Each structure stands twice: as C-alpha cells, then as structure tokens.
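Enquirer: The hints should help you fit chains B, C, D, E, F, G, H, I and J onto chain A, whose structure is shown.
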Amino acid sequence: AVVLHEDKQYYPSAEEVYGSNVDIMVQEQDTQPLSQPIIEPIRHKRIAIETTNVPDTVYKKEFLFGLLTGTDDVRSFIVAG
Amino acid sequence: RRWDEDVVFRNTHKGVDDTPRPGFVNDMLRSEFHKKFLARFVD
Amino acid sequence: XXXXXXXXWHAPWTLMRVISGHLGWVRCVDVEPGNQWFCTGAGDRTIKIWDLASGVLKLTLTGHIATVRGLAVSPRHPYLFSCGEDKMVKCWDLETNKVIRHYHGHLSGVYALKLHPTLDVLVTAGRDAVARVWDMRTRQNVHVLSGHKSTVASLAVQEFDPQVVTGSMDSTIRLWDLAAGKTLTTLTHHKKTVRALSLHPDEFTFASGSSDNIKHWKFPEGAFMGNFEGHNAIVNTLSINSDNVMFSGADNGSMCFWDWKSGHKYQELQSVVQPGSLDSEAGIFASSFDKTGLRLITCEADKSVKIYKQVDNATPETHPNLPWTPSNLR
Amino acid sequence: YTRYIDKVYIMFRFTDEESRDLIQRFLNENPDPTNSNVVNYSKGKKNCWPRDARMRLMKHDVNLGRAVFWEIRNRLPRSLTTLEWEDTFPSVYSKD
Amino acid sequence: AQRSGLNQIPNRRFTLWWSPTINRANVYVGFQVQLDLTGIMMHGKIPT
Amino acid sequence: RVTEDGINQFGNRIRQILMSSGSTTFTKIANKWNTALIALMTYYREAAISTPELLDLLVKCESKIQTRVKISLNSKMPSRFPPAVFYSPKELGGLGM
Amino acid sequence: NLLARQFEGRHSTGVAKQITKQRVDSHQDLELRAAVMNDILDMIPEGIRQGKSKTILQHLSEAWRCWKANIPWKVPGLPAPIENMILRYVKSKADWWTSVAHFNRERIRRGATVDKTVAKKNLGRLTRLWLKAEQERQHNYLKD
Amino acid sequence: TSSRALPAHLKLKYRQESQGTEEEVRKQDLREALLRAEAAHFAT
Amino acid sequence: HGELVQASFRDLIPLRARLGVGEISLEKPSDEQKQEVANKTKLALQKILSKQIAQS
Amino acid sequence: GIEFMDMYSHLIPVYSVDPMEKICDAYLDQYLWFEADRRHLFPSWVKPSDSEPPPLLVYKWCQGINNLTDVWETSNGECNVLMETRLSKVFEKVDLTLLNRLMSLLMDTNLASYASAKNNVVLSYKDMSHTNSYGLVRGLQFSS
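Chains as they are written, first to last, in PDB author numbering: chain A, 68 to 148; chain B, 223 to 265; chain C, 137 to 144, 149 to 470; chain D, 1111 to 1206; chain E, 1545 to 1592; chain F, 1255 to 1351; chain G, 677 to 820; chain H, 24 to 67; chain I, 113 to 168; chain J, 918 to 1061.
So that you can see chain A by itself, here it is in the shape it has in the complex:
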C-alpha cells in the first residue's frame, strides 16, 4: 500500500502512452567510438613493392617463354647461406 518516496514514480510508462505497435528506443550511450570514420576513406592496402607494368629488359619476353617451353636450357636452384 505505502509507496516509499524512493519508488513514487510520478509519470506513466513510455509504453502505455503508445504501448503496442510503436518502438520505444532509449539511446544514451554511443556505439562505434569517435575513431571510426563514418564515411570510410578509400585505402589501398599494400604489403610489398610491385611494378604497375613490366619493366623492359634487353631480352624479349617471348624468347623467355621460348626457353621455358621449348628446351632444356632452363635450370632452377636455391641460393642459400
């Protein structure tokens, strides 16, 4: 029966004023802290150097495939130490 002053809620629930098919959103705290942009900036992630285009070099590239495809000129190895 006795409503102690601590409880004594003067106003009515946010629902029962509409309280059915309307969405009651209580939003105090932000999400996604300041650091995160909002309009994401384009960012090209690069790890390592690479050349946009082939660098031009003395021997023609077909002749490199010629060797690689045609004959036993090719070798392979590992450089170590």
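A portion of the hints provided could be inaccurate.
Examples of chain H residues lying across from chain A (beta carbon under 10 Å, computed) [what the hints assert, rightly or not]:
{"id": "1", "residue": "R38"}
{"id": "2", "residue": "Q39"}
{"id": "3", "residue": "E40"}
{"id": "4", "residue": "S41"}
{"id": "5", "residue": "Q42"}
{"id": "6", "residue": "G43"}
{"id": "7", "residue": "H64"}
{"id": "8", "residue": "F65"}
Heads up, simulated DSS-like pairs for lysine-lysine below, C-alpha to C-alpha not over 27 Å straight-line [as the list claims (entries may be wrong)]:
{"id": "9", "chain 1": "J", "residue 1": "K1043", "chain 2": "J", "residue 2": "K964"}
{"id": "10", "chain 1": "A", "residue 1": "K75", "chain 2": "G", "residue 2": "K767"}
{"id": "11", "chain 1": "C", "residue 1": "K322", "chain 2": "I", "residue 2": "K146"}
{"id": "12", "chain 1": "J", "residue 1": "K977", "chain 2": "D", "residue 2": "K1205"}
Derived DEER-like restraints, expressed as beta-carbon distance ranges [as the list claims (entries may be wrong)]:
{"id": "13", "chain 1": "J", "residue 1": "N984", "chain 2": "D", "residue 2": "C1158", "range": "25 to 31 Å"}
{"id": "14", "chain 1": "A", "residue 1": "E73", "chain 2": "J", "residue 2": "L985", "range": "21 to 27 Å"}
{"id": "15", "chain 1": "D", "residue 1": "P1187", "chain 2": "J", "residue 2": "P965", "range": "21 to 27 Å"}
{"id": "16", "chain 1": "J", "residue 1": "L985", "chain 2": "D", "residue 2": "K1156", "range": "22 to 28 Å"}
{"id": "17", "chain 1": "D", "residue 1": "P1187", "chain 2": "G", "residue 2": "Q694", "range": "55 to 61 Å"}
Keep in mind that the hints were calculated from the coordinates and are not lab data. Ideal Cβ positions, reconstructed from N, Cα and C, are used throughout, including at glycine.
Expert: Coordinates of chains B, C, D, E, F, G, H, I and J only, in the frame set by chain A:
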C-alpha cells in the same frame, strides 16, 4: 535455524528489483541520473 | 473561373519509433544521401548520429556552445556542416570525424544552413538580418545578401535562378541573384514571420509557410499558386515528398499532412508527447522525409525524435481520407 | 560487531552445514542461471592491493557474501533505512 | 584591491630579509637591469 | 595502508587552502600547510609512509604551496630556489614549513 | 599588421566578438530574449496592439526567478497561450542550468577547474538543486 | 589580418567512387534497401 | 530591376484563375541552362574571390 | 539558515542556528551525555567513544579478530565473512513522531519534547525556504 527465528522483522527487502531505470523521462530534475548525482555529491 | 478552379488520395500515417536520446530541444534534422543515418542538431550543443533503419546511436559530435540550430550534409564531399546561436559555422570532416574549418564573419546567432547543389558553396543566415554566402574551400565570404530588416529565419537553395530563397520576421520573401548579390522579386503576400520554405523535388515550386496561410508558389516571377488552409497554429516545417505529400508540424504538436495538387488536407495528428513532459511541451521545430520519399522523421520539443511510416494495407476502403467539398467565398 | 556513526562492522563465522543452507536458501529465493554474481561483486575497490593479495572469486565464496548481505538487508525495515550493494564489500575468508 | 595589498604588508619584509639569496643569477635566469640611482642589480622584476 | 579516500580527502584539504587565500600572508599559508600535514602524518603515521600513492601527493602538494609563495614574489618562476627560505625555522626569518 | 594600424586605424565597429567563456552566459540569454520576441509577435493575432512584446518578458524572467526559488508562479488573468509560452521557455533554461551544475561538479571532482568563481557558482547551483529536492521529500511525505 | 585567416586546407575532398558518389545513388534502389533493413532490425 | 514587382490585385489571384493564361509549366527547366547558369555564377564568384584575396 | 561547506568531492550542509537557542542546546547536549554515561545507557559496540581515537580502534579490532577461538582453521568447510556497510540515508529516513515516542523513554517527558520540537524548524537560504517535518537535523548541539 534458531538465529533467524529471533529476528523481529522478516523478508522486508523481498521484492526489491526492476524500478523505472529503463523508463526515459523528459524532466532533468526528476530522472534517476539526477537522483544519483545528488545522492553522491552530498552528505 | 476562380470558384471553378478551387473545386479540384494518399494514405494515413502512424507512429513507429520513439528515439528518446537528447537532453534539450532538437532544432534540426538532416538525412544522409545514402539513407542509412541521419543527424539531429539538438540544444545540448551536440550533433548526434542515428540509424534510419535501427534507430540507434553512432556519434556525438560535440563542438558547439549553444543550440546547434542548423545542420547539412553535403553529398558531393564527405563533409557535414553545422550552425548555432554562437555565430559558429563548421565543416566536420566525416572521414576523420573532427572539425576542419570555421567560417567567421557572422555578427550574431545563425539559423539557416544550406548547401548549394552544383558550385562548391555554402549559404547561411541569421539575425544579422542577412544571408551570407560562403566559399567551401577558401573559407571566405563572397556575398552579403543585404536587404531584409530582421531575423532571416529560413533558406532554400536551387540549381537554376531563384537559387537563393530567404524568409524573415519582415513577413516577406526575396528571390536572389547569387552572382550580383541583389534581389530579383520581393514577395510580400505573407502577414507574419516566415518560419519555413522548401522546394518541391521535381515540380519547380516552393511552399512558404508561417502561422498564417501556409502559402504555395511557382517560380522566376514566383507568382502565387494557392493556399493550403486549415492549420491553426504556428508552423515551423514545410517538408515536401516525392509523391506529392506535404507535412506541416506546428508548435502545438498539430501535424497535418496535405496534398500538393488540390489543397485538401487528408490527415491531422496530435504529437502525444513523452512521459515526464508538460502539456505545453509538445512541439515540432523540424522534420523531414528520406531521399526515397517513404519516411517521415521529426524533431519534437519532447526531447525526442519520432518516426512516422505509412500503414501497409492502404486502400480508400480501409483508411478513409477526409471529405472534399465545394462552396462560395474567396 | 561495531557501529561507528553510520558505518556498520560485523564478523561472521559459519560451519559447512550453515554455509550450505544460507547459500542454498538465497539461491532458491533468487535463482542463478546466468552466473553474473561474479561480475559485479567488486567495483574496482581493492585494485590498490596487488593481484596476489586481492580476494579470489570462487563460485562458492561469491555467493556466500552476496547471501549474507541479502540476509541482513532484510532484518532492517525498508522504511527506516536501506542497505546498498555499492556501499558494501564483505570479505570471505575460506579454504581458497 | 587595497585590503589585499594591505594584508600583504608583512609579506614585504620577508623579501628584504632573504633578498641576498633570492636576487641572483642562479635563481632567476633573467635580464639583469641595474636599479636606477644605485649600484645594485635586480635580476627578475620582483617589485616587492 | 591509507584507503583511497584519505588520499583524495587530503589532496583537497590542500586545494581548499589555495582558494581561500587569494591574497594573504606567507607566514599564514605555511601555518595552514603545517597543520594539514601534521594532522595527516599524526593519524596515518605507519600507513602513510607505507603507500606510494600518498607519498606522490605529499611531494606535489608541498610543491604547490611553495609555488604559491614562489609566484607572489615573481612571475617568471625560479629555475631553482634556496631551501633555507622555506624550511629554516621562524626565529631566523623562516616560514617554518 | 601593426603598421597598417598606424596608417589606417581600426575598421568600423563590428567585425565579430567570437564568444569565449566570459561572454557565454550573457549571449545565451540575448538569444532567448529574442526568440520570445519572435514567438509572441507570431502568437499575437493580426490587430491586438504590440504593447505586450516587451511586456511579456518581465514575466518570463520573474518566472525563471520563481523557479530557482521553488515558489510556484500562479499569475492572475493572462492568456493561457502566453502562460505556456513562458512555462516552456523556462523549462528550457532549467535544463541548461541544471546540466551545467552536473558538468562542473565533475570538473571539480576531477581537479581541472579553479578560481572561486566557478567553485562558488557551482556550489550555489547545487545548493538550490538540492533544496528543490528536499522540499519534495517533505511535501511528498505528508501527502504520501 | 590575423592568425586564423592564414592559408589552410587549400584542398577540397570530392567523393571517391566507393564511399558515396552521387551517380552510384541513382543506380542504387534506395527503396528496397530501406525495407530490408527495417525487417532485420525488427526480427532481432 | 523592377519588372517582377507586383502592382494590381491580380497578383493576389491564384495562377489557376489569372484569366489570360495559356498553360501552367511545372517541370524544372533543362540541362543546357543549368550549365549556362553554373558557368555564369562560378565565373562571377571567382572574379570577386580573387579580388578579396588581393585586399586580404 | 542552511549553508553548504564545499570539499570539491562531496558537499555538506551546515546549520546556522540562532545564538540564544545554541546556549540552551549546548547546555542540554552536555547534560544528556554526562547523565547517560553516569548510568551506562550505551553499550560497548556503539563506538566513536571517549576511549579510543580512530586508529587505535583499527588495532583493537584486528587484535579482536585473532582473539576469537580457532579463527584461522579452514580444514573442514569453515567460512569467515567480515562485512562493512553504510546505511544509505538514515538521516533522511528518520521521522519525528516515532523519535518523539522513543525519546520519551530515555528521559523526562518534558525534555524529550524540546528535542522533538527542536527538529521541526524552518530551513532557509536566500530566496527560498521550507519546513523540516520528515528529516532529523544535525546542527543541533545534541544531534549527536
């Protein structure tokens, strides 16, 4: 359970939960925030 | 012919979301070109960032000292602007989320904040009794649109002539030469303070509001078109839709939606108002649609943003728009 | 047990019989499915002490105090005072 | 503003009595200007 | 130990001193600082010394009080200062602090 | 910059004062007392004399004063429109005035601020904000 | 004239092609992305 | 610059009734004016902005 | 009259009582304390008493935790709980009616009338004031 027999009061703080803390209020002076702000910075 | 002309459907709106967030009056809203978040320049001196979809917080861009009056996102650059009763005009870079530029020059509390569509240019106006036109890049005022004799309480901006539309306590309106800094027309048919303007998406027309006749106009000459008549309150907002629906919210909470062809208003609503509030509290300083033309987002003196969405069923049978009729008078 | 103006100091001691009853009875009145009792026991109060000396949080120990607090809180009427969780911190000395 | 200056009368003496150790280059890395009509040197300003 | 309170409690008994005396005597400021700081080390005696948190106020706050005097003689702020001036007993023209 | 001052002199009175902390409380008001000078002008119909424009304010203020004191503010016949005008534009003030006594009691708790002025003002603003709510705890004890 | 009125940020930042160009909004069907987002929020 | 200024009572008369009106155009002009205007304005501001920077 | 003594962390209300009432009250205060201890009203455990200053309390309360029989045995499921608490708002929650009755026991019915009456009071500060029916006021010389 003879110690709990001697107590002249019983389960008083039995239904102590919930409260209107979820309910937003458009009254800066009668929110819960403010009741805590005056709870703390005094006495 | 006058009485004949005046004889000449659209579905009913409803409350879907109550975003209780701010701690003072929301005096502004701008919805962001992508239709995903929108902004609410409150009188907590804080711009806030909400999600259209979910209605959740994101940012709280603090940086003013007095009610963030204006706001404006530009689509061509990832910038956001703001204004207030500080004389302050800001350029919040959206990639970094900090301020970059101040636009100093205004002598007192600025209200209007609107971003020219082509030319990188910014227009603001306040109680200096002048609209200032700013140069985005070099942060340097180009024009003093000097004329009105009081608080230039509204602005609107276009690509074609009449690119700049003011409205004041003078209960007048000018149409402006952005090149010359002089007024074309001088449109006086209001009787009181013009607390709204707004351009129709496609039509080439601009409704001017007030606490009198919520008027409604043409262009270059501007020559009058008609009066939406029926709003008995002080109206702040003239939000136009793509499907020819106006929305006017007043300082009573009285929310009347209109129809741009006829004049007939097909709906009226009270604002209902949040829990702790007072009855006088109810009010509507700002509100707007999405870029789609499907949603209505509001800025109420309940310290709250409410979102209205049309009902699903529709149909003249399951709705019943209010009655149109013909009579005498003028 | 001692009272200094508005501060109360108490010293309890339990046998395994009583400790079992007290924890169970509290847990029955308000069930513990989620196990959030360990999350908000301390409020960074004893962070000044080292991590060694800081009180360890066993499922048993936590619930003991939490329950003693609940038991004693009821013995005072809610109309003369209250107790409060923030303004209290009972230290549980046990095997652990 | 007068009563503030008048409460700081006793304070003024204190400066005099430690003047020899206060008014030197190692305590004030300042501009040494000679006081007028005298052979003394004030290092700071030290108006009291 | 010294609880977290009695640290910040004392850390304010000093801030109080440096507001009250907007314009007062050097002799008196010292006199407040000595009551404050005897009353701190005559209560928490054993504990006071045993914490680090208290003993990095007691330095910074002793400095705050010197820096009051230090300012009321000159604005440019002394690079060093002679310590006799502060700590020498009153009967040789000292503050006594 | 100094030479140009010496062969020109200072420009016309105006330029722009750019707020700062000294003149924020003043310039806040100035705006409020010119957004009530707006709303009245528009609340008053099309021919009822303008001898109230200035007049309405001396209530507003007295209303505000009345709040801070906690005394009620009934007023003999004035338009129920303009009762609300003023109950509304007070309620605003009573936020941005409570708000601040929050925000500065937590730049003192911390340490940041100094100079009596602020520790003097935001001791007042509390002492009221607290008496307001020791009044309710009494009234709503005889009623409840 | 002052310190604040010196050259600063001489460069504007036009919208890059992924972050929200105005042309990409035309081809975007705002209508359907709106409804689908509401359903997801509602269901949760 | 006074040819748009109002004069008669006709001016308060809606565009639906002016009497002596062929057709009401609600369309929003074109692209080849849009790009004429934008050029006219942008050239004009630039001549002013340049002269502002000169005095500044 | 009520005035707040600041500490930058938490405020304190301070009670400016009138000068004659104080001489009376101060006599009374001294009286009950002299007479209560002459006949041992108070137990031992009510303790900010005349024997110990607060740091010797802490010693004498750690000296007691060792001089209980078999304290430190955690062999067969024993468990110690030492709790320390604050009674949130006891001074606000107190009534005068109940106090008046409770008081009537400890002493003559005429004295106890003074105390109970003394507590009612009007509280004052600047523009505002109010009655104090519900709470217990500390300014009194005997409020200890």
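Enquirer: Hint compliance check: list the failing hint numbers for this structure, sorted ascending.
Expert: Numbers 9, 14 - these are the hints that the structure violates, sorted from lowest upward.
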